[PDB]
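Just one chain follows, in the form solved without the named molecule, and it is written as structure tokens.
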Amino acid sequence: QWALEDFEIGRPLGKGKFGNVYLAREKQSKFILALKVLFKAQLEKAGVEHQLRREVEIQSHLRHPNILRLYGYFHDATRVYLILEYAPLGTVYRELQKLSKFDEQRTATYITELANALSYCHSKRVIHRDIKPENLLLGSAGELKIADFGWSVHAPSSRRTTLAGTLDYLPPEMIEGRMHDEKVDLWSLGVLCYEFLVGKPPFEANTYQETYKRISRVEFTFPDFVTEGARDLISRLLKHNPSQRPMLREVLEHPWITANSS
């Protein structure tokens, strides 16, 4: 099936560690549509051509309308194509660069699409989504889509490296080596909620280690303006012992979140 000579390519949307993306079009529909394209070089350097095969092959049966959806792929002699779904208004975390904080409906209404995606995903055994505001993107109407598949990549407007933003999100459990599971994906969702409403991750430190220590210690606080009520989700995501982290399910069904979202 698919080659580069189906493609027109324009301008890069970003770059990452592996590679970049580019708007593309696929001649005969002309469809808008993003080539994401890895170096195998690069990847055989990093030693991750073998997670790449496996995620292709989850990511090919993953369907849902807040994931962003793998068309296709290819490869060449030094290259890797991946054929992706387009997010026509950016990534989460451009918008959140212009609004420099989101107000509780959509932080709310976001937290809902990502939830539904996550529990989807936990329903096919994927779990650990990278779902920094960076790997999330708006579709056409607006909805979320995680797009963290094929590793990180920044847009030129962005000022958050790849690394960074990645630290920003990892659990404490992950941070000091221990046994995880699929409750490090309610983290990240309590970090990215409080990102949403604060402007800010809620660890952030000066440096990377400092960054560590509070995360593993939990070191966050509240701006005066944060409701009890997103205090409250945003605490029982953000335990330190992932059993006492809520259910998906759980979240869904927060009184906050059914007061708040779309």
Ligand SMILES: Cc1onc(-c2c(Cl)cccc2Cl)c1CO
Second form
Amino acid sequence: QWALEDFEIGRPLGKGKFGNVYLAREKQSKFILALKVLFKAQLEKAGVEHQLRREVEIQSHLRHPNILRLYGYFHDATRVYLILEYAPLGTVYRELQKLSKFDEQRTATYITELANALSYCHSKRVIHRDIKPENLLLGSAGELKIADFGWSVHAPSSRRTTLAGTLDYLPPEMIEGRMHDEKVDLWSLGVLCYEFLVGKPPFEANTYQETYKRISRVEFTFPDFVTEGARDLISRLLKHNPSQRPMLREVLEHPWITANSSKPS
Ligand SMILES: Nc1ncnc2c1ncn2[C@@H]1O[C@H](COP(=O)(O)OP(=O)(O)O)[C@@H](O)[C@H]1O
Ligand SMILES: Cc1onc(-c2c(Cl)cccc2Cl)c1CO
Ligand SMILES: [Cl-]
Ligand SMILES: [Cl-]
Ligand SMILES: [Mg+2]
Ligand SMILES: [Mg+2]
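Follow the form solved without the named molecule with the form deposited with the named molecule bound, if you could.
Below, the chain from earlier opens the complete complex, with every other chain and molecule after it.
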């Protein structure tokens, strides 16, 4: 169907390990979108063809206001192209670098929206496994949206591939290459909530080997300005044994969330 000639390319939107993303308009309809460009030689080299295929399939058959749509794809001897919904207000990552910290109202609202999209996701036994600020995008009304389904699978699961970048958002079971399930996503939720209110993730460290340590021992402390309601939720999500982590109905109805969030479930 589609080909490169059908588009006009505009400004760079972001680089990833593999993805190079651009603003684009389709010629006969003037439709604006995002074009994620991958190099076949980089994909062969690293052996992650299976990740790309899975990203394509999951993200095209899901439909939820808090999850970024995937429309289509095509390739051309050098490259594979994905056609994505455009997110006009950017990443949560950049927003956190702008403000340094989020207030309780902003944080709670963000957590509500993640918990809603993840709930829809888990109801098909799909687990994301890569929830971090670089992969949360912002809609035109400011609403949060989940992207980059490259690492997602069906539960239960064993780990596949080498871990490339940061460990900061991973649960103990996953860094230790043990078996994992839906509860990895909930651990990341607690990691995320803490980073919203403090400005940095709870297990941050100078080296790989020591981040590894702090994560498997669950060594985090709160600074003085973290309120009791916050502390309660974050302590319930960051438990070493997964089955002791709360379900998502419990996150959505926690008193601290219901008091500060500005959207319903
Ligand atoms: N749909 C989009 N709209 C706007 N910016 C995007 C979009 N998709 C990606 N980006 C930017 O490009 C970056 C890389 O995208 P991503 O899909 O996560 O690639 P990779 O899987 O290689 O990390 C994002 O962190 C973001 O900054
Ligand atoms: C759906 C899909 O996603 N990536 C590809 C793909 C293509 Cl076109 C070429 C090389 C490697 C890959 Cl992984 C396909 C098609 O099998
Ligand atoms: Cl269209
Ligand atoms: Cl639930
Ligand atoms: Mg990414
Ligand atoms: Mg990816």
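Positions refer to the first chain, counted from 1. The term rigid core refers to the maximal set of C-alpha atoms that superpose within 1.5 Å between the two forms.
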Where among 180, 94, 106, 154 does the Cα move by 2 Å or more between the two forms after the core is superposed? 154
Quick check on residue 163: with the core superposed, does its CA move 2 angstroms or more between the two forms? yes
